[PDB]
Amino acid sequence: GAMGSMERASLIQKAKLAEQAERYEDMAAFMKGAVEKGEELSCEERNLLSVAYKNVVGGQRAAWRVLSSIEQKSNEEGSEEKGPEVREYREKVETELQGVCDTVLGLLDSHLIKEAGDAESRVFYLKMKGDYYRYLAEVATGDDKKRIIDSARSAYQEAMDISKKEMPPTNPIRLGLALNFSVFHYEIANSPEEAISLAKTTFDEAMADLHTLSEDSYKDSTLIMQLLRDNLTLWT
Amino acid sequence: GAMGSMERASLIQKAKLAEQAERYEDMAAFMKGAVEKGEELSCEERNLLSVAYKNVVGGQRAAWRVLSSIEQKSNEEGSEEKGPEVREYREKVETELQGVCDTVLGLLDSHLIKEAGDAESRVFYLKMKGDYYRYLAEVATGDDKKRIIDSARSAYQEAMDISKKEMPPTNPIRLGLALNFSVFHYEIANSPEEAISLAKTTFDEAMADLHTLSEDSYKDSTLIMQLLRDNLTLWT
Amino acid sequence: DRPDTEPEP
Amino acid sequence: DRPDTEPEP
Ligand SMILES: [Mg+2]
Ligand SMILES: [Mg+2]
Ligand SMILES: [Mg+2]
Ligand SMILES: [Mg+2]
Ligand SMILES: [Mg+2]
Ligand SMILES: [Mg+2]
Ligand SMILES: [Mg+2]
Ligand SMILES: [Mg+2]
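Chains as they are written, first to last, in our numbering: chain A, 5 to 240; chain B, 5 to 240; chain C, 1250 to 1258; chain D, 1250 to 1258.
Just so you know, nobody snuck in bad clues.
When the alpha-carbon atoms are kept at most 30 angstroms apart in a straight line, the in silico DSSO-like pairs for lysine-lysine are as follows:
| no. | chain 1 | residue 1 | chain 2 | residue 2 |
| --- | --- | --- | --- | --- |
| 1 | A | 168 | A | 118 |
| 2 | B | 169 | B | 223 |
| 3 | A | 20 | B | 96 |
| 4 | A | 96 | B | 96 |
| 5 | A | 168 | A | 223 |
| 6 | B | 77 | A | 20 |
| 7 | B | 20 | A | 96 |
| 8 | B | 168 | B | 149 |
| 9 | A | 169 | A | 118 |
| 10 | A | 41 | B | 86 |
Quick list of simulated restraints, FRET-style, between CB atoms:
| no. | chain 1 | residue 1 | chain 2 | residue 2 | range |
| --- | --- | --- | --- | --- | --- |
| 11 | A | 83 | B | 213 | 41 to 47 angstroms |
| 12 | D | 1251 | B | 150 | 22 to 28 angstroms |
| 13 | B | 149 | A | 82 | 54 to 60 angstroms |
| 14 | B | 217 | A | 195 | 55 to 61 angstroms |
| 15 | B | 80 | A | 103 | 41 to 47 angstroms |
| 16 | A | 86 | B | 212 | 41 to 47 angstroms |
| 17 | A | 83 | B | 73 | 45 to 51 angstroms |
| 18 | C | 1257 | B | 146 | 37 to 43 angstroms |
| 19 | A | 72 | B | 6 | 21 to 27 angstroms |
| 20 | B | 213 | A | 85 | 42 to 48 angstroms |
| 21 | B | 150 | A | 72 | 47 to 53 angstroms |
| 22 | B | 73 | A | 213 | 41 to 47 angstroms |
| 23 | A | 219 | D | 1250 | 32 to 38 angstroms |
Listing some non-contacts, in silico: residues in chain B with all C-beta distances to chain A over 10 angstroms:
| no. | residue |
| --- | --- |
| 24 | 40 |
| 25 | 49 |
| 26 | 83 |
| 27 | 106 |
| 28 | 115 |
| 29 | 142 |
| 30 | 154 |
| 31 | 169 |
| 32 | 196 |
| 33 | 211 |
| 34 | 212 |
| 35 | 217 |
| 36 | 219 |
| 37 | 227 |
Keep in mind that the hints were calculated from the coordinates and are not lab data.
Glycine residues also receive a C-beta, built at the ideal position from the N, C-alpha and C atoms.
Bound-form chain A, shown alone:
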C-alpha cells in the first residue's frame, strides 16, 4: 500500500488536515492506511474513517443519479437516439462507486469487525457494513441483487440486536443505525410500513429517556431524533 511507509499517527494527523481542506479522497486514503496498520481504532478514529468514505461515495451517488435520470429519459418514447455514450459513462461512474464500497467492506472484513468486542465499536462497524451493502443495492440490477439486499439486512439486524441489549435508547449510534435501517426498509426493501413503524418506535423510546441526559448529550440525541421526525413527515 502506498501508505505503508507513513507512521500511524502521521496518517491520522493528515486525515484531519484533509478534512479541513475538503480533500475527502485524500482523507479516505490516509484512513485506509491507518486501518491497515492492524491496530484497533478509537472512537474519534472510527468517525474519521466514516466521514471520509461517506463524502467520497456521496459524490459518486449524486453523479450516478444525474446520469441514470438522463439515461432513462433517452429511453422514453420519442427520444432521439444518441449512441452508447450515456450508458458507457453511467457504467464508468457505477464501477468506480462499486469499487469504493468493496474497499470499505474489505476493511471491515479484514479485520475490523472480528476484533471489535465492545458494543460501541461492534455496532458502529456492523452499521457501516449495512450502509455500504445498501449503496451497492441502489445500483444493482442482476442476479445478485437479492443477495446484496439480504447482506445489508443481515448486518443491520445484528447491529440492532446488540444495540437494544447494550445501549440506551438515546445513544447517537443506536439512533443513527435505526434511522438508516428505516430508510433501507422504505427505499430498498419495498417495506414502507416497516420503515414507519421503526422510526416511530425509535423516536418514542428516545423521548422517554431524554430526562437522564446532560445538556450536551441532549443536544446530540435530539439532532438525530429530528431526522426521524422529518422522514415520518415525508412518509405520512
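Put chains B, C and D with the ligands on the given structure of chain A with help from the hints.
Leaving out everything else, chains B, C and D with the ligands in the frame of chain A:
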C-alpha cells in the same frame, strides 16, 4: 493517452454529461483527449475546456490556502511543534496543482495557440496562458518566481493588445481578460494603482458602448462589468 | 424527495 | 477578502 481510442464527438458529449454530474476531473480528462485529436476547437468547445480546468484548479487552490494558513500559524511564536506533516501535505497539494497548470500550459503550447488566427480564439487562449501562470505564481517562492510572473504578464499583454485592436469594448472575452489582468496587478505584481486604473477605464469604455447591443448581449456584458465594480469597491 | 440518513458527526 | 476573477460562462 487513455482517451486515444475514443471518438472526438463522444469525448465532447461525455464532457457535457460530466459537467451536469459535477464530475470536473472527468470533464477535464475528456476535453484534454478532444484537444489531442489535433483539430481546432469551436467557441463552445473552448468554453468546455476552460470550465473543466477552472473547477479542478479551483478546488486545489482553495485547499492550498487552508493548508498554507495552518502552516503559517504553526510557525508563529508560542506554537507547539507538531513535526513535518503540515509542510509535507501542503507540498503534496502544491505539487498536484503545479501539475494541472503544466498540463494546461502544455495543451496551449502544443498546439492550440499557434493554430489560433481569429481574434476571439487567440485572445481566449492567451488569457488562459496568463491565468495558469498566475496560479503558478500564487504558490511560487524560489529562483523562478520572477520569470513565472513575467510569463503571466507577457501573455496577458499580448492578449490585451489584440483585444483592443480587434474587439469592441463590451465583448465578454475582452472584459474577462481585463478583470483578470487587473487582479494580477493587485495580487501578484504589487501594483494596486495599475489594477484600479485598468478596472476603471475598462468599465467606463464598456458603459459608453452598451447602446449598440441587443438585450441578450447587454445582459452578458453588464454581468462582467459588475465584477469590475465589485473589485473597485473592495480596493477603494 | 429523498429521505434523510445519518449525517456527519 | 479575495477579489473576483472571471466566472463560468
Ligand atoms: Mg510506527
Ligand atoms: Mg466513459
Ligand atoms: Mg478488541
Ligand atoms: Mg427469490
Ligand atoms: Mg474519428
Ligand atoms: Mg503527504
Ligand atoms: Mg487556424
Ligand atoms: Mg530582478
